[PDB]
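To start, the structure under review is shown below, and the notes come after it.
What you see is part of a larger complex, with each chain still in position.
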Amino acid sequence: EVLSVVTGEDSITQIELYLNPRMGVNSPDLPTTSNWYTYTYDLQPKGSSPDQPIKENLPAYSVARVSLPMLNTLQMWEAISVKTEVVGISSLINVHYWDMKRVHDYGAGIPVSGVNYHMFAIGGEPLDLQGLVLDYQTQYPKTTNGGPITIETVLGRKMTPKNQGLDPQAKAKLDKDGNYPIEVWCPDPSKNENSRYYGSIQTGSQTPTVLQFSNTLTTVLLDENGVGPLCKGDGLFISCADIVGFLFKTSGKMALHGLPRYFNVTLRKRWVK
Amino acid sequence: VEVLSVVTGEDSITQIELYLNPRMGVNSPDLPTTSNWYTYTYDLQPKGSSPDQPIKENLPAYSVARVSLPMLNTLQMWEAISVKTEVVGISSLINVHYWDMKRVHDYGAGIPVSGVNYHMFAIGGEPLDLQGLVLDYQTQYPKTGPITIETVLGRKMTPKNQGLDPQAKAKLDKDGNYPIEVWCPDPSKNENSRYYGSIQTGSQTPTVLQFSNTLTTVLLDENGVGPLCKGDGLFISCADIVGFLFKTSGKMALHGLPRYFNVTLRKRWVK
């Protein structure tokens, strides 16, 4: 039960973080494979059943838990507003990647474009996820083999046709950076009372990537009762995903690309019962 | 049905929650060996000769549910005042590696789900009123099966059914049985429902969709009165076609996503 806002000196605090994209090649530090950090490997229809995608072809949600100043009818940190920005947008004007497919003979490269997916979330606990897939017959790498967490992971059995729709048993929590595939998991609207999430998709193969950036834009995190996400155990949960389109390679091969996201969250102290 | 004052008291407000799975043509996930295409149509392909005889698996239909509300009884009725609604599984559409997906060019990714979209929802205190109108009146719809204009008139369609025929009316009272291409919301009725919809045409038109748990639709009309649930029944209807799945052969199927609803209702005195 939520009570009055705490009045006093150090009642407001400001938290900063950035999250690097987890597109498939999720580390910049690996000796050899890390050239493709912020990218997938080449995305291709197999041409025969079943699909058996590799983890490098499975862009995943970014998530971080931020520890907040210790507080203790108790006081909890309440997230009230956030400034967030996708970073490195200007990098996408580059149309002279050495192995870029040209728009036509002697032309510039096809710029990063096509499929976009953009979401962020701010919550006082992990984001609630609902599982739904394009094709239930997809064989995702097993979690026990080092793969991501998918619907088969949570069910403890194979997906059935119902997982192409909304199966209420196909649920999870976003508690692991770079391990929950975007194509498997979306925000669960039946839950997430203590989170605020905002997202969009854009399909098409060469659809223009259209993005804005400004340090003047603020998202208010209060619900219709004037209450923001309340941070359980002094943890603020921050999640996102920013697919910005394909890198088109000379051969015809295509890899998805992501960008990092920055957050500045304002929190206040709130009495709870 | 004269509307009196809003009821005051302890248990005067309730919230109703549900989800509706899409009824694209393959409507059940529980079938021997046809359910692999659940949430899809079969292949949509102009025959090249008349007449068109579309199969039921090629007719996306409206989803509908009647939610039973806590029994109440000048009487009290539940009044829907607002709704949070969301299209679920939007993220599933970043998949450009379906095993049998047509590629955008040699060695490239699959053409993503794109093209024709159609998105509507309705919240009402009775079944949504429907108006019949078809692209081609000479279309031979299967008999009962889906309910079409021929079904309701008990005679064949004539050219007037390419426009607005006042006799071509139905009530959306059955899940997965009223084809989208045949029926639309009747704006001449639906006093006790609220509906919101759009269409997008084109073959590879980008599917552009938003999702947020911060967005609320107010269901009150200009007199501050929401839909009043007759017989303690709330009717929820929707359709969400999100584009085509492009197969290697060149064939194409339409695809749909489920929709979630959270409706807030209050008690209302009525005479």
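Just a few scattered comments:
By letter and in written order, the chains are A and B; residue numbering begins at 1 in each of them.
Quick note on the criterion: a contact is a pair of C-beta atoms (placed from the backbone, for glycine too) under 8 Å apart; a residue touches a chain by one contact, two chains touch by 3 or more.
Shown are 2 identical chains; the number of copies across the whole complex in this structure file is 5.
Note that only the chains that are shown with their structure count from here on.
Distance between chain A and chain B, defined via averaged C-alpha coordinates, is recorded as 29 Å.
Chain B makes touch with chain A in their complex at residues 17, 19, 21-22, 29-30, 35-36, 38-40, 84, 86, 88-114, 204-214, 216, 243, 245, 248, 257-258, 260, 262. By the touch criterion stated above, chain A contacts chain B in their complex at residues 42-51, 53, 57, 59, 114-115, 117, 119, 130, 132-137, 160-162, 164-166, 168, 182-187, 189-190, 192, 195-207, 223-224, 241, 243, 246, 248, 251-254, 256.
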